[PDB]
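**Student:** The primary structure of each chain is shown beneath.
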Amino acid sequence: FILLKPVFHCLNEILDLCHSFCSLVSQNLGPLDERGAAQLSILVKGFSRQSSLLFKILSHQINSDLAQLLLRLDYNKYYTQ
Amino acid sequence: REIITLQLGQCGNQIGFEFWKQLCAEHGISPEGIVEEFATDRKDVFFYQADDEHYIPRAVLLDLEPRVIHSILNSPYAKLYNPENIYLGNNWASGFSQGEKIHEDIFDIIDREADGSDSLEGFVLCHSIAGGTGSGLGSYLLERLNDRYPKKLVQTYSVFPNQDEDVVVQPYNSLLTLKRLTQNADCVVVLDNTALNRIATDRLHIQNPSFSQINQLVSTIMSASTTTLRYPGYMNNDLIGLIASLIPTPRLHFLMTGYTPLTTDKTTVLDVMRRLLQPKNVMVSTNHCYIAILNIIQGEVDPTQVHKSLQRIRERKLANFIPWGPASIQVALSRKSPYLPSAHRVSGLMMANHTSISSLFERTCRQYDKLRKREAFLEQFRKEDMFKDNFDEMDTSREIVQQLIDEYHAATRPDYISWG
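Taken in sequence, the protein lines are chains A and R. Throughout the first sequence, residue numbering follows full-length UniProt numbering, covering 573 to 631, 636 to 657 in sequence. Throughout the second sequence, residue numbering follows full-length UniProt numbering, covering 3 to 41, 45 to 93, 101 to 177, 180 to 279, 287 to 306, 313 to 447 in sequence.
Derived by calculation from the structure, the hints in this document are not laboratory data. Where is the CB? At the ideal position from N, CA and C, for every residue including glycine. Watch out, some of these pointers could steer you wrong.
Derived BS3-like pairs (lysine-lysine); straight-line CA-CA distance at most 30 Å [claimed, not checked]:
1. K363(R) - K335(R)
2. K23(R) - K363(R)
3. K628(A) - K344(R)
4. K335(R) - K628(A)
5. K301(R) - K287(R)
6. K415(R) - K397(R)
7. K653(A) - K335(R)
8. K653(A) - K344(R)
9. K163(R) - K193(R)
10. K48(R) - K84(R)
If you only want the chain R side, here are some residues facing chain A, beta carbon under 10 Å, derived [said to hold, decoys possible]:
11. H334
12. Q338
13. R341
14. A346
15. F348
16. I349
17. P350
18. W351
19. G352
20. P353
21. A354
22. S355
23. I356
24. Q357
Next comes chain A alone, as it looks inside the complex:
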């Protein structure tokens, strides 16, 4: 998925937010007062945004990339996304 530029152009940002998230939570195992909660809310809202954008991009059309969707959508929580 490197020739298809939109899905690549959002999955890279999913990978960018993950490193920041795991580095952020490891600093304080107690409460977060270095404005980490401020970035946590921003990160979860931006993650929901980017995930819905890539879900619209996936919906070429190889059976594998469309096939991945139904595993996560078994619960139908990408049903309202």
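Given the coordinates of chain A, assemble chain R onto it according to the supplied hints.
**Tutor:** This is chain R only, laid out in the frame that chain A set:
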């Protein structure tokens, strides 16, 4: 890394011995222990490897007043193990105090195999809940190996005592041990006697000698649950990645178990998945429903059929379950084992978080409460009175399991944005 197993209780020592018998039939060794040249497989996570040609299983064999361990000696597997750890009550508190007074030498036995191997991953506790000799002592060592080592994983093999009402002290014991499993274990594999007895009466004609049959059923389960670790798969072939997928909430770590051959004494994947979802092929006994399921396959499985099969359950409306997250049903594939006679080639597993078991818990939370009103069924043991003079630790454990029941009842609904 390597995983150390600890078995206590007479029933626990029996099923551990039968489990090692099943793995000696599995692995490339003889019943004396000597290597067979017919054999892919790894014998390192459960077997210490010398060159004494008798690979010693990584089991810690502790006991109180050995009776059935003599029957363990009179066997051809007495050359499989001799780590010299056999040492000579009735309640949770008496067994807890008896485990308290001798903690140094049994913990020296623990430190022995801890220093024996260099890599360490997990401790499996083979234990029966409210079993007498197992209860108290097992909860004590459970507290101690979690307190001493916070970098390792704690798994438990545990059966549930249910006889439909006799032991009057069992709800106290199970209540305290459930507190200790929730706070001193990261994952618990839960079984009960009643559903396996029901399935055993379904397949065979048995009423009295049930114990000898259900042990075989349990051992088939515990070998099956370890086939993905002993034979190299690529998904959850370590304990840590396996448990990391199964816990959506840190109070919920109890795993439902099933097995698709109900009797063993052609198939496509949608068939065994649909047979798998049935409650009769399940081994553990308002709307109550799964949070997340992992199913593991073992057999001659074509890869594209599993995708169609998962699509089939999606179209069936067999998914009448609805938690609050998109964490979904899970398929995994491992191979069927070679090197032994293998009948019923394709067989299944499930590892699932189901809240129906909370009903089982509240039955204990019913019974103790009734006895708490009567105050004639605590049996007033002297070490029990000295260990707790007011018996408020059982009340605090009742408070903790009541919060556990409320968290279960919140986890059932799609509304867990607030704490339950």
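**Student:** What are the numbers of the hints the structure violates, in ascending order?
**Tutor:** Going through the list in order, the structure violates no hint and respects every one.
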